[PDB]
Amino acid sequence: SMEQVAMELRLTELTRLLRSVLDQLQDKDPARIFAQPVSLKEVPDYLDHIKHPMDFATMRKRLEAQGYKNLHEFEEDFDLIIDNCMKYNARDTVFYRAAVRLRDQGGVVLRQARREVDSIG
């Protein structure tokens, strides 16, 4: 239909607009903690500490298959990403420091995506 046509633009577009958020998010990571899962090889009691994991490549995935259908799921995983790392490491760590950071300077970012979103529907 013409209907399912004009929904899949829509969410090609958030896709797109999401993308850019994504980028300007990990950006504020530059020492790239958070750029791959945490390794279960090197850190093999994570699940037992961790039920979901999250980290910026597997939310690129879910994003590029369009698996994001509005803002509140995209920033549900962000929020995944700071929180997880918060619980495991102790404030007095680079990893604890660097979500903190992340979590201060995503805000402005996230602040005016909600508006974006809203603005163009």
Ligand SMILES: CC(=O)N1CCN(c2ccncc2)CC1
Second form
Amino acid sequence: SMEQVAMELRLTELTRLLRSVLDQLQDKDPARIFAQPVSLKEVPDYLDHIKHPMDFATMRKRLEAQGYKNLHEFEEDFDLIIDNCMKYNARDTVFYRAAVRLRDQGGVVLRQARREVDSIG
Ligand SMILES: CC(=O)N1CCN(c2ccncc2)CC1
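Having seen the form deposited without the named molecule, could you now give me the structure of the form solved in complex with the named molecule?
To see the whole picture, the full complex is given below, headed by that same chain.
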């Protein structure tokens, strides 16, 4: 139908916008601490601690499958990356501090995205 095409056009444009957000967010992680899933060969008991792992690569996979229906779903996954890290790692680690910095700096990008999503429909 024409409506389904229109809808898919909107989703495609959302995906274009979220891909830009994702690249902007990943820039704020230059050490690339959050680029890939935490390795179970490197952290065998990770899943005993963290029940919903997340990372930038996994987000990108869902993104390209147009699996984010709105900005809120995308933000949920971003928050998972940060919150998982701030629980698994102690306050005085380079990991915890990297999450804090990624959180604080990412806030600007996400503030704009919320307004762009709202204004452009
Ligand atoms: C994202 C996150 O929490 N981490 C990623 C890096 N990491 C390891 C990497 C290599 N070996 C052991 C651990 C644990 C902490």
